[PDB]
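First, one chain by itself in structure tokens, the form solved without ligand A1H3S.
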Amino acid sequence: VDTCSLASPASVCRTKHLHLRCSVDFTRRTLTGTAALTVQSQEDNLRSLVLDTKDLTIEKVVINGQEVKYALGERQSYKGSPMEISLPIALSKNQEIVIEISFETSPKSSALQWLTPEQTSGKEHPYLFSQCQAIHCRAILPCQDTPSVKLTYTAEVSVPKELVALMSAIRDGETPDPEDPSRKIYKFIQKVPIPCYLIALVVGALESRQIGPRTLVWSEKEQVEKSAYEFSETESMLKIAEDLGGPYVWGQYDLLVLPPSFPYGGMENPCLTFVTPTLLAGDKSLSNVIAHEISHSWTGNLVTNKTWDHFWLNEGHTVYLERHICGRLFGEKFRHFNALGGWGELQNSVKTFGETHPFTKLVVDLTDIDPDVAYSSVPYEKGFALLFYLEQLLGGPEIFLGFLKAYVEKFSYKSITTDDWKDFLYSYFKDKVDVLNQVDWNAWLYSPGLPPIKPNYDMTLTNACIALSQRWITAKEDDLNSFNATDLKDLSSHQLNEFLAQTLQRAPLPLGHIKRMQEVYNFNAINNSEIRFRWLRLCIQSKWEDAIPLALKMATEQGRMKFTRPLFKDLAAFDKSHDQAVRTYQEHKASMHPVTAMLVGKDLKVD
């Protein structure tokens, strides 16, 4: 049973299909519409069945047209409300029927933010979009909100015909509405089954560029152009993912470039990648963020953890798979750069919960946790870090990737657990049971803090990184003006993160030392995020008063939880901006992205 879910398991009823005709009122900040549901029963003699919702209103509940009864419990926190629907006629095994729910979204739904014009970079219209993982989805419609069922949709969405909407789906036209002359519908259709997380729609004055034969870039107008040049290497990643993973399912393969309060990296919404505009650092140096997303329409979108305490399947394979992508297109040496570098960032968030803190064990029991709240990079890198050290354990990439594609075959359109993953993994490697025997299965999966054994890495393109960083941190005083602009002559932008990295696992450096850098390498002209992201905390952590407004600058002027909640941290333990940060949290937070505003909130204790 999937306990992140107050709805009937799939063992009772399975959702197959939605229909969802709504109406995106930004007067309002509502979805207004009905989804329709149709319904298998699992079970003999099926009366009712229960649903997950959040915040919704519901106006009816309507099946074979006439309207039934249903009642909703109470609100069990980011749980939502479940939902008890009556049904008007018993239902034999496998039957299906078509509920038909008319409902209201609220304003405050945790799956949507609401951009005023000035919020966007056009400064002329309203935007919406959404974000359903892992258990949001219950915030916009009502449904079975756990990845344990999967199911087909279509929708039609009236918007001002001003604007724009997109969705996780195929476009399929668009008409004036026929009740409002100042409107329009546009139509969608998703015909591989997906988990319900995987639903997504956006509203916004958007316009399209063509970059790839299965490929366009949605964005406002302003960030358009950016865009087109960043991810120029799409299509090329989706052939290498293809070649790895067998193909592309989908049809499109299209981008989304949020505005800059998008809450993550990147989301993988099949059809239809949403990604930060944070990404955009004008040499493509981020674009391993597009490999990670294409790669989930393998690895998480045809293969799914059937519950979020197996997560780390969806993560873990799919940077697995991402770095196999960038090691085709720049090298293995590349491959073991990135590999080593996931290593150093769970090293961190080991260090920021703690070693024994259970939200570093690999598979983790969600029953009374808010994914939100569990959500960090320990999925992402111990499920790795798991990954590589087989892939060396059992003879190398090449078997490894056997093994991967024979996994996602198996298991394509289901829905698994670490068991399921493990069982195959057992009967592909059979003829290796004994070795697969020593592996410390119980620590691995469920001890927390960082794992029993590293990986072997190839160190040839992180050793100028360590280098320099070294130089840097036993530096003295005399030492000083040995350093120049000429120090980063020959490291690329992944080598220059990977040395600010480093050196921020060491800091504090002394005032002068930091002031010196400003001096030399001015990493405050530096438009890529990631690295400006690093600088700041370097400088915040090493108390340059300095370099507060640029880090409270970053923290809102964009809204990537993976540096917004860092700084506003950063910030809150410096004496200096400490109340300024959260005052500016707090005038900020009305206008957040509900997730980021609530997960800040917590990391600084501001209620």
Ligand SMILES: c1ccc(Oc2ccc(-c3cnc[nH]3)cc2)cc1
Given for the second form:
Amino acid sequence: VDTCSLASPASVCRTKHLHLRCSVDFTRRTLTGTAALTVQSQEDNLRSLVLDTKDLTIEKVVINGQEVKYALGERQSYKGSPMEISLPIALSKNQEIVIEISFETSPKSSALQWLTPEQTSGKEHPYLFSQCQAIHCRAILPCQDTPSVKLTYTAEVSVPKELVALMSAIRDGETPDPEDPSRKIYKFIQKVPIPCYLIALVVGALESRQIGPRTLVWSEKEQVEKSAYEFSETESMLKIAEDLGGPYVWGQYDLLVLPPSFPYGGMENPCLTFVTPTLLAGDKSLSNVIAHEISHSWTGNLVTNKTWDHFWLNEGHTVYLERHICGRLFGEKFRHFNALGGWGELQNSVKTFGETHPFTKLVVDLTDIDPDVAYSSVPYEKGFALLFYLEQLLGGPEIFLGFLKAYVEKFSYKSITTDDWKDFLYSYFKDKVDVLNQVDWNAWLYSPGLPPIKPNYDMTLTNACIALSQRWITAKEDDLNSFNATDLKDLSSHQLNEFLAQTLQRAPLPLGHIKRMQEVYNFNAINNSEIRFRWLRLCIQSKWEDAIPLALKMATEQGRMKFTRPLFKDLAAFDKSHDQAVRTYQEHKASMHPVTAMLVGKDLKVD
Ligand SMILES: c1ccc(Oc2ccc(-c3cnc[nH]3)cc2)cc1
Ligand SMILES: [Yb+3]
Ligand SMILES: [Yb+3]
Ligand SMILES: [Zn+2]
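Switch from the form solved without ligand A1H3S to the form deposited with ligand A1H3S bound and give that structure.
Entire complex below, previous chain first.
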């Protein structure tokens, strides 16, 4: 039972294939076309079925060349409206039919962001991008919008000829549009069965540069060169991931660097990972996001969560693999450093939500909950902590990686629950069941708050961050002169970020301390988005008025939710910037990504 979907479940019927034929209309801000769904009946005498839709305009439904009856139910908030389709003939079990739905998206589709030329790098062309995870595919096309159903797809997308279209699929050619010479049709093929949240589309003035044997980086021309350098470790990370998870089955691994309003750090769209331009630090320091997206090619894209209640399966295992890739490239001491950092991020999420909050549970119950509202570090970090705890309990990383590879092999091309995962863990580790029976499963999986046990972490790389953070926290006015730029000479950008995170956990600090920190460290000059984000939060929470224009600029010049949401919340909580935070949000609301706009609105209590 997928409580986030209004469609017929996989026990009734299953979509096997989607053939999408659409046109991108920038003037109307609509995608117009036909979604031809190959549906297989799982029941005898099947006469109707239900699909998910959200703000879609349906023109007609054609089956076997004839128009059929359909009805749209009442809208159920963020779940959208169920579409019931009357089949022209009753279907036997395993019988297939093609249902061709003519539709148009709304300009306010929650899956899409339409950008005017002014909102892009080049300033001459418009731009469009999609983001389906978790339940926004229904706001693009009618579908069984549930990760419990996997389908292949083909697509033909008509766009203005001066633009390029890309999808989460293999590029299958381009031709002039035979119905409009001012347009081009780009073709796509996704031969590997995927859940529909993995369907993705981008249309804009895109250029590409090859960075590996199976990787192109795509972006507007202005970002191509910086992107090619930033993500140069991609091929080496793909090779390590294959060693850990088995063959890469997707063919190509391309990267698309989106405009700054992209709401997430990355999105694992198959064949075409989408990334935030906030990774463009100039030193490859934020490349763990690429390692994370690459890992999803196994954990999430091959083995998928059956419902959103089991999303931790996707994230926990991906973070676990991501940390091993970075560990193979930079050492085991670095893997422990990132892991311990992740525990800190989990402490933060638990503190923010509250230790009894249901969203702090590993397995959640999303009935009547908008998944976008539940989104946090919890499934990532509590999921990772569980796996890291199990690794230590079970004999170490080599042993636990053996389980991960077998797990991916066992469940490839399937959608699974937490019970399916636990059963296989027990089956794989049959000779260690007595060890497994010591795990407090009810607490780990179903209880809110911090996990019952904290794993063991090597402290080598963390020690200098903790030492410097503690020097600042315990410093009195007569100690401020003892700080100097030399305090940072032996710290990597990762350690600098960790020093800020540690200090931020004890914020506010006195205003004189924060002013001294700028004087000696010149943190205002740092472009690295992670570091700048934590430094600006530290300044605002410490009531430094000078930081207000810097924090407002970062919150609005980019839209990665991880940065924009806490920056707006900190600015709203500071009396000196409260009014400016609310006004800036209201002024930018129309230009923002629809999900980000909704979430920042809720955070600020501005309707
Ligand atoms: C993007 C948007 C929403 C989404 O849905 C969620 C979010 C959080 C959980 C969750 C699990 N434990 C605690 N929170 C589960 C599902 C996933 C991706
Ligand atoms: Yb081809
Ligand atoms: Yb003193
Ligand atoms: Zn992920």
